[PDB]
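Q: Residue strings, one per chain:
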Amino acid sequence: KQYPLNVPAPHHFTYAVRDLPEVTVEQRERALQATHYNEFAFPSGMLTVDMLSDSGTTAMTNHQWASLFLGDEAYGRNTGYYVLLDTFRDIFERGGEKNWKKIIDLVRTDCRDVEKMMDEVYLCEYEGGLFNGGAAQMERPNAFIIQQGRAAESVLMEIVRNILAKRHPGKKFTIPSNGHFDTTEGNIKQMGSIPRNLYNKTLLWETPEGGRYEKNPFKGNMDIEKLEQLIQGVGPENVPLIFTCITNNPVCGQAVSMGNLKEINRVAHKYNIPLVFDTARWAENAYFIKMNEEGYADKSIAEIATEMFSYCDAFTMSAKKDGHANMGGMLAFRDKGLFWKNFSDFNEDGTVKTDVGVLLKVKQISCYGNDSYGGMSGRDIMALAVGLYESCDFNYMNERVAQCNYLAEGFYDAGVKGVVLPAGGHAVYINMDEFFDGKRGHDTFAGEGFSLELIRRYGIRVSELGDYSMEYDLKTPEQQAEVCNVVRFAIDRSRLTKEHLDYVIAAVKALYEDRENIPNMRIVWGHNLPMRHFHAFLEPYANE
Amino acid sequence: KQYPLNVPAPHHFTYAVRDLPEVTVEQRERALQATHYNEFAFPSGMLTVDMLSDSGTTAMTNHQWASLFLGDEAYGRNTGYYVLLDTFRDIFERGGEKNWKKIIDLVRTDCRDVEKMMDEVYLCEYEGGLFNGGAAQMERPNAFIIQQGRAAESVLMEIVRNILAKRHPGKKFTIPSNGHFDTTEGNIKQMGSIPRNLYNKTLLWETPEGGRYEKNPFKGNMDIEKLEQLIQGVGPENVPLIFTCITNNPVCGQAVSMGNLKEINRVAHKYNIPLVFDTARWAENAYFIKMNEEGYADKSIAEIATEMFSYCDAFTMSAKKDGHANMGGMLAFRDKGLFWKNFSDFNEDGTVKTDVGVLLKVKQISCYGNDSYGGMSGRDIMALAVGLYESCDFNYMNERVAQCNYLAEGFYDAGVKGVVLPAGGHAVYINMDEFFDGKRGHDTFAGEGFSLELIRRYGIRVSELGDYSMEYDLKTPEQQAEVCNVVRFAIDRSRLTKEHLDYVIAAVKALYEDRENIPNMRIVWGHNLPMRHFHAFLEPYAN
Amino acid sequence: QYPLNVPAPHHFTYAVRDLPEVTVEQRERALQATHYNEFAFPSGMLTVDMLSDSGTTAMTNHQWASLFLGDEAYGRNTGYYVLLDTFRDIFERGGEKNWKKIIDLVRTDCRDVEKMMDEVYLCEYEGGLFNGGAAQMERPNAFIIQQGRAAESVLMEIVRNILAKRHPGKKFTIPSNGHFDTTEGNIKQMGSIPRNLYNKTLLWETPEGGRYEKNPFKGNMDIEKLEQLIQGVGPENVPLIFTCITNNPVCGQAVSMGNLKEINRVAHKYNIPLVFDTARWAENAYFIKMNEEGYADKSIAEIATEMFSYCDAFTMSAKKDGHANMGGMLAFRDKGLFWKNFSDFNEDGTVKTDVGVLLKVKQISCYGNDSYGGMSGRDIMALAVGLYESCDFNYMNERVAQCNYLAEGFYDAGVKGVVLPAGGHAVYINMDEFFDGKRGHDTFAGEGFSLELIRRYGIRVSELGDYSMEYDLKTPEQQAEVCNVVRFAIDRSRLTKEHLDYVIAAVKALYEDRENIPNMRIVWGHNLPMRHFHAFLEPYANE
Amino acid sequence: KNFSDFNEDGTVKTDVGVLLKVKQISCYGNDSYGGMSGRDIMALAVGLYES
Ligand SMILES: Cc1ncc(COP(=O)(O)O)c(/C=N/[C@@H](C[C@@]2(Cl)C(=O)Nc3ccccc32)C(=O)O)c1O
Ligand SMILES: Cc1ncc(COP(=O)(O)O)c(/C=N/[C@@H](C[C@@]2(Cl)C(=O)Nc3ccccc32)C(=O)O)c1O
Ligand SMILES: Cc1ncc(COP(=O)(O)O)c(/C=N/[C@@H](C[C@@]2(Cl)C(=O)Nc3ccccc32)C(=O)O)c1O
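Chains as they are written, first to last, in the deposited numbering: chain D, 3 to 546; chain B, 3 to 545; chain C, 4 to 546; chain A, 343 to 393.
Where hints are given, some of them may not hold.
Said to hold, decoys possible - If the Cβ cut is set under 10 Å, some of the chain B residues that face chain C in the computed set are:
| no. | residue |
| --- | --- |
| 1 | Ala68 |
| 2 | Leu70 |
| 3 | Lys103 |
| 4 | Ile106 |
| 5 | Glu455 |
| 6 | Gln482 |
| 7 | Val485 |
Hints are computed from structural coordinates only; laboratory data are not their basis. Every residue gets a Cβ at the ideal spot worked out from N, C-alpha and C, and that includes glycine.
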């Protein structure tokens, strides 16, 4: 029996609330100058809608809050370490809710059977996949809990550099990807390697009839020709790792398809090159696949998640995104997989001599913390495990992405030009070139003035992720052609509602209609710093 | 500098979230019949939008959740006892934020000066108002913490009934109000007393041009003429108390102006009749006064709240409403005021013989709990104190009532017949005589069939507060003329967003366009029970 | 007054957690299944876990209340300002009388935005350890980070890059009163040479009765040895001088203020920046206040500001004396000695490369934004509350009393090798005096002691002797500073006398059976950096 | 049996349970929570197992 309506039934409600401050325009002018016009230095408690980053900003579910009280703060082998690892196993290896072990439920039900705990939690042995356990994790470490994504990439990048520097001193390598985001690209350039972003920058800027594609075209896909012309061009022996980002955050958070991941796997393994996933927004990407890629409409997000991860030899993850949590990170690689083969040292008789996993662990434990908590508190570790399961839920993710489509189609319906469609899984992007109608030069940095104008006028903070923040003027010509000149409106998970989005639409429309009066922005300090958009001082000036 | 927009800035955001269930129509229909078609017995774990009641259903603020951990669970004199009493003093006696002592901040800042805590919290003396403190509260007790409003009313009504029985055995008294609710009225008929609702039932149904009153007309006001005509018709000696509800919950949660309060106070004290306020929705009312009544536009909720309460001799409050909380109640009377003079007994020389405040305290402690917690946990007492300060915040209350305005205008702009206007401060009401175009009877109980259809089809729960749940059939002809045949959509404080509201608007519009399909309901068990909507069994037949 | 021999209690249990019911055989199985690595043993199976006091604290109710005030914004969450200014209060403002406690504005829910800009967001501070506002942007000298090893690792990395693009090849020496295995491991992995300069003869001294009259401050750095090594190796080859308070390597032993002053003078004598590791500052301050002359009237907070005046830079693991489960901090004096030696300047004289900026680029690219530095927003708030709790004399006086009670319980029970007096966080036993000379350095019998505590009694402790400090992997000079002790670290606020009585009895029994404690053989990872977190062991009987 | 009233044929006329429920609901709270907060209910349920 059906009683349909032209509006959907909500699937969550506000469990607890938090008030927003009352701030004048004039007060936000004082704070802007007082902080050198750096978005990252503007006070949070002076804002009305904060869309700076979806990283760590989530509103937890009531079950996550409950779980804080189940966290274990012991220094060695706190119980959440086992629970976290087997939650990764559940979502990314087991394949389907019907296959989950959900040992988190032994902690949630206050199990007091020590024997059962031993046999199903503490002493379980796993080998052969992304997450060893028991003595196998001790003998062949391959999973590394850490505070966040950049810490996971940096522990990884350092090890790779050390090893490469020993085997090929003074040689620099090219590490391509579909989209290296500022953290990853900056940590790469800092290691000495050359990053490259291979995608179809042409499809990116097409917008569909009526404003809404009928199917999502997966604009985050890696161009497979470009990837193989790059490998044959510079030499495969010069390409030590291949990266893929899911979803593609640099390329306007656009989805990446399962067939695309299968191609990257083919090309990469063709040349014996380990393939590393950046999987911060794994669950948004799984959702786009289910909703758009033929054959995947009746598989679950948990199913698609395991399948996507079958194609990688390693991955880095900031769980502060689709962990639906406020902290967490993870680095893992296939047990005795392609990444472990190339980067370990072997004896003549075939036995391992230097395990890359041991080198990684040594760095983890000297720079971040014991492997059992990775620089997280015990309670954050339990809330993260719960949060990762929440991201598997269709109705939650359906509403999470419905919010992005609403903001983008709002920007469109209101006559804002240069709105990238469809929306990414976490954010809506605006092409600043089409926005100012090509009346500003790549060194105007007007996209930065647009962002500071949102703050000054409306208490809305966004993130310029184009020429200025991607360091257009400090890159090579090929890298310059790979820059998307876009401003980003990121949507915190579970924290905002239609009323926040309607106000942002109204305010963007107003700023559009007054775009001539948006200033340009001049760097007055830090123009050359690594990842300068976190450090540099700015100064506005009018256009001429 | 101003940068105007045609959309208001948001004033809060979601701190934490809870998921709603995935439920079929077949599943809800199965549960409706397993539970005899009583909406209070329907499992809330199966609802999509629950609008049964705003009482206790609030999403707390994060500062309230923090206060929980500051709660003191001791049996005698928990610190929360003092904090809560003095929070009542700040809001209802001290006249404005600038006059608040906010001793809750000594708890919040972990003050460890025993001397300072002694002088500013534990040992303070207060007398002469609604909340005695220290030795005064022991000698002349006049404030009683208790877990909710119906408990606050019951203690008062029992002690009033006992005093009236011993002094006037056999006399049946009349007690008027602008509107007594099902619990209040039911608790008064259970004494054997005659409750009466004196309001302008004609003003009530007036729909305004366009559906937007330029100013709130205060349809909750008591009819002063009708009040005098009742005091003189029954004789002052037969009116031992005068009640006044703010907002007027029974009369479509309609606003009550401050001039009205001044008048009721005058008429009452002309006859030496103590005036008791039901103040569950004080802060929504203070907002309506500020936004609509001449000369108060520049006054804060908190100022207006002190001024309202100055016109009363006692009050009962269910703090589960405008206390932004999930539990809490309060009963108080002015120290040595008119309520204490007419209900205490004195010696020949005029000193007190039997103190009515002691008679309520003995009842409080023997049936509810010690006067330092009154049936509440210690953490709930702290969270209540924080919550009552939050209800004074203009922007919070301005956005709370906006939701109700939004939902009623939604109903109107969709062409549903019977939307009372303006909306309540907590709920929107629909007149079911106007919904069905006069095509259903007072015994068809079509209002219950509507509320239950909302559940079956849409997983929306509402409260029929009309003929059935007000026992129109079990009332005197005089009282049947004051019965409002309306269904109520109550909005939980801070829990719902626009998304929830648009869904309800859509669902009601669809059911309005399917009026004839809404079955009738026939009570099959109960009917002659006090407050029978909370327990009666029901069954549907076609019209 | 009415004295009693029994002290009065100064805290109680706010909430409880149950412990597991486990058998010897279950524990023996888990030990074999986890290679006999004490860090791989499941905490879920333990009765009393004394592996580490770091991050294992039971928070106060006010800290738990704190968690709900944490701000999870990416850019400049409010907790960033509150935490910085808590460091200013405790470590720069010289006593409670001069604190600002801006955390109280958060805890009382300040909604006056101008007040918040002028007292929190836009404050300017320069000239000390914690710049604020544009100063902290222009000359960054404070860095929030998840824990101490991340702090020292960001220092030591930046120093290494400088000392190499300046003195290529050269290998420098970094003295300290006692570098911990974390600091030493990181120094050694940087290429430099750690060295710990203290009086090992004093350390083993016993007081007649097992109770000293005044703490002899055996963690003090040997003033003579320091100038001998600086003159020996040459000033230009000592780039930094560390100092640990309390001295964790040297049995968590207290360090006097006089000694900090002396180390200050010798260090500027040759223009060497002085760098304090202050993980356990509060207990060191408490040892000063009770033992040095003319400090008995000074409170913890005054002594903490004073101690900190003598450093040019500090690293801190707030997971210890911050009464918290996560948190670290790196800081240095604004335009101070450390900033002068390690920045690069123009001929004009302006800074050319600010060492502060280099540290910030590292922090931001490898840990997290400087506004949260890899911490969640609620852990920032709770850390700020916890640092204030560590200044309270009654807390810190019951905390250290649990160590005295444990060491003196061992002594009273005939156990031999108990270092004295107890440290501020733990009790240390010398394994040589324990086994009465009858075990060799290569026997690792201390690790057999620790593992046997697990097997029979569910007690986990840590070996910090010739196995974990890597005796056989060090120069002989380094080998003589190695302390052969097993540590009993006492979690802050988590345990009670009942737990200690049981560890006391369990150690007495296992001392009386020390003839039967196995020796430990490293089967794998004998050479790994910080091998006690990695290595595999196997038990073997003693011959 | 003792405190309810019964009809001639044998069936209940005045059920004592119903009388107790009317008093519960008019003086303390709905039977669903009886004057307790929702969270106090759940923590009580956990508490009783613990005992
Ligand atoms: C694909 C991908 N890979 C790795 C990481 C690092 O993970 P982690 O260490 O932070 O947890 C991220 C994190 N992205 C963030 C947060 C942050 Cl500073 C940032 O990192 N870049 C940036 C740009 C503009 C505003 C704010 C930010 C975001 O999307 O806004 C990522 O998107
Ligand atoms: C003005 C006023 N004064 C005192 C009290 C007593 O307070 P308390 O004991 O419950 O805390 C209340 C109670 N209000 C509730 C709950 C309840 Cl059963 C009811 O009483 N009437 C009603 C109508 C429809 C659905 C459910 C209900 C509510 O408004 O929905 C009140 O409205
Ligand atoms: C003076 C000083 N400087 C830096 C740090 C690092 O701080 P952080 O990064 O861990 O937060 C510490 C902390 N020491 C800890 C943690 C640790 Cl691994 C250890 O170092 N030795 C050991 C032995 C058994 C269990 C755990 C441990 C402790 O002894 O309890 C310190 O005392």
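Q: Give a verdict on every hint.
A: Taking the hints in turn, this is what the structure says about them:
Of the supplied interface hints, the one on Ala68(B) holds, with its beta-carbon coming within about 4 Å of a beta-carbon of chain C, less than 10 Å. The beta carbon of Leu70(B) comes within 8 Å of a beta carbon in chain C, closer than 10 Å, and the hint placing it at the interface holds. Interface restraint check: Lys103(B) against chain C, minimum CB-CB distance 13 Å, threshold 10 Å, status violated. For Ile106(B), the suggested interface contact is upheld, since its CB lies about 8 Å from the closest CB of chain C, less than 10 Å.
Using the Cβ-Cβ criterion of 10 Å, the hint placing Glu455(B) at the interface with chain C is not satisfied: the shortest such distance is roughly 40 Å. Taken as an interface hint, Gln482(B) does not check out: its beta carbon lies about 49 Å from the nearest beta carbon of chain C, beyond 10 Å. Because the smallest distance between the Cβ of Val485(B) and any Cβ of chain C comes to about 44 Å, over 10 Å, the interface hint for this residue is violated.
Of the numbered hints listed earlier, those contradicted by the structure are 3, 5, 6 and 7.
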